[PDB]
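Trainee: Each chain, written out:
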Amino acid sequence: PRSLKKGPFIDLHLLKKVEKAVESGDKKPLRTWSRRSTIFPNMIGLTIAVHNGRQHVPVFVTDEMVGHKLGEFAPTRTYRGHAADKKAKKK
Amino acid sequence: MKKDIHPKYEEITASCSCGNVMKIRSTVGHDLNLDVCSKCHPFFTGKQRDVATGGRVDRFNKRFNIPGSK
Amino acid sequence: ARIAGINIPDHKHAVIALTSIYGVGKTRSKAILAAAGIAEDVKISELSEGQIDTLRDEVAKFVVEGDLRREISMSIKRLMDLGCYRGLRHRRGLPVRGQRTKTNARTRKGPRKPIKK
Amino acid sequence: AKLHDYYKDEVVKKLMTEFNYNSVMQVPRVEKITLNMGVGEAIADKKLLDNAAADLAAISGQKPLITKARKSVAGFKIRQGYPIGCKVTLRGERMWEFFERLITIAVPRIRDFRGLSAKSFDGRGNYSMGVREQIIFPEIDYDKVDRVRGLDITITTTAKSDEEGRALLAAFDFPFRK
RNA sequence: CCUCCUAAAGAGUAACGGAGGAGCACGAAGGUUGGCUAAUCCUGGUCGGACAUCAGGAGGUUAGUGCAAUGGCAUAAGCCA
RNA sequence: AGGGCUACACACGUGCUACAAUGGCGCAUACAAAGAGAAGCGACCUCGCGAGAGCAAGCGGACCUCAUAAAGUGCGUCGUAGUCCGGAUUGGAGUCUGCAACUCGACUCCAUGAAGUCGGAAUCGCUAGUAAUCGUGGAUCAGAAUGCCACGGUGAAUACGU
RNA sequence: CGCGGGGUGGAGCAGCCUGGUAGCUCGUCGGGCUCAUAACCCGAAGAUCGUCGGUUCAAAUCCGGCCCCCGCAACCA
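Protein chains in written order, with the entry's author numbering: chain BV, 1 to 91; chain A2, 1 to 70; chain BP, 1 to 117; chain AG, 1 to 178.
Read the hints as simulated data drawn from the structure, not as lab findings.
A few of these clues could be false.
[To be verified] Okay, derived cross-link-like pairs now, SDA-like style, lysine to any residue, Cα gap no bigger than 25 Å in a straight line: (1) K2 (chain AG) with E93 (chain AG); (2) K2 (chain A2) with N22 (chain AG); (3) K8 (chain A2) with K71 (chain AG); (4) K5 (chain BV) with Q99 (chain BP).
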């Protein structure tokens, strides 16, 4: 497995949208490119609309999902199935 | 009742009190008391940036430099 | 003499024999035999039942095999149930630790099969 | 055996007191336990029935009767009838003897287990103990790598409700499912 | 030629009238004495859960019957020792 | 900025390492050449299961360091059973490079643990310091080498004949 | 309308009797080589026996009904 070594992460990038969102508890999907950012306790119950390079995907953030980054729930690649080829991308 | 077919009792009735020489006298958890999730919930338990162990020498709060030594 | 029974491999080196109660690989079995005063290269048929007891106590703290093989199963299932990328790669069988798909799908998904073009 | 004289001494009196019954006769006693080991297949070969006997033998040494289909007209394969179960009937003192081995030695054998709901009792307070495997009473080199061969343990009763039904083997500690 | 029917409830009565079936089989597939209960669906279940045996309910011999049909059926021509 | 060149259905070119016991395992032991490192790499030190770590002598490279170069040497160990060879997948943590490790990064480690037993069609270089085979360093190089370039260890059959 | 023969994997056959086992020769599709095609080599797909029904644990086979192709048939003259 891989990690974040030793220094302190909230993500610098995500921080300025989040600090105003936690003040409300949760508010409308935070337009986010910051797919580089991990999930944490402060973030439980937010809604992060997560750019995947093509478009945003809402990730509803919750306690069972704190072992993960935001970038994992929103897909990137397409996989050609092999009964017959894959027609669509899947969200 | 078929009286005559009943086996000898040599290895039935003996020693329901036996020891642990290869196996237990009662098993735990065979009734499954929690369903196993196989997760720890990381950063919910434990810390968002890791344990600091290994290489313990007092830390210098004053600047230090790979090129600075001759 | 079987280590714990139910599934143990018969007439195996002393190191190898504990690789079937699980939670006890080579590293832990090597040190557990040195403790109990057993040499590595004896076959398991050479041990008396009181050496088998000295093994069995030192095992009995570790995970029982029915939960060990269940644990990797529930980990795979956990990941698919989140739909995180670990889990997405699991649906197809494809690498989860960054490995290539252009080759070396074989270890997870089995032998190659013919595909008309 | 000790089981039934205990069941008389302890359980029969519980149920008389607890239900406010009008007769002592209204109480359950233990009635015959046939067993099954519904192994199947081997229609001429009868080999998986000898493999069933080597499992049954570990817990009760008695001769397999080896069942045949009784009208032989079902949707299963028919050819020279069809072999199904094994029996091994437990009756009277031999069954009272068997139930005294159950719990004390049956519980250390199972390690992964999903049978035996106490709600699953219905109708007569009839039950069938789907144990998933063989409950091996004391033997040498019984573990050998093998499969399957659980048996129905079909307990029967002179019980006339479900509640009085579920109350056999209760002053015996089993971890029954809810 | 048998069994169901035309066929008119004795007399079973035509027609290249309607339909199913038979050309043997079995040295037990016979006799006698004694005991006994199913097709099927559900609940219990390890594999019988869908089908099966075991055990419980419902139904009450509707299964079976050497072979077609008719009659028959707990006294069980049904099943067994 | 995020995604991507490293997708995945498969097939194909190429290289690696293995399929053994001439070897692998363990403890102990030996000598290179050549070159890179003052954005950098570094002994001793103490810490860390190991990786690594902080401290810091040092190093302009025939000085100090990568580096104990490995194959090779000693001794016991294993018997064709995919093993005592091979160690891939995957669960999980510890650590590294970096303001970012999820698809697409590097290292240690615990448990569990497979294909492969000399490979169809296909297919190429070599005449001797070569072919074969081991280890090393370096260019590139924030983080990724099986590659490439060069170095040195050990080093083969035969070339009648046109 | 009668009477009789015939109805096999994409193509042409084997199997055929109370029936159980789908075989032969091609062709097809993917791949290799060849500068390319080719033959060649490797791998692979393919059957509700014309259709429907009956008996059975099993029906191409043995049976009942029908459609269609052909021979007869289109009078005894």
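Trainee: None of the hints should be skipped; say for each whether it holds.
Mentor: Here is how each hint holds up against the structure:
| no. | hint | verdict |
| --- | --- | --- |
| 1 | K2 (chain AG) with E93 (chain AG) | 9 Å, holds |
| 2 | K2 (chain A2) with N22 (chain AG) | 36 Å, violated |
| 3 | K8 (chain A2) with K71 (chain AG) | 35 Å, violated |
| 4 | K5 (chain BV) with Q99 (chain BP) | 22 Å, holds |
Of the numbered hints stated above, those contradicted by the structure are hints 2 and 3, listed in ascending order.
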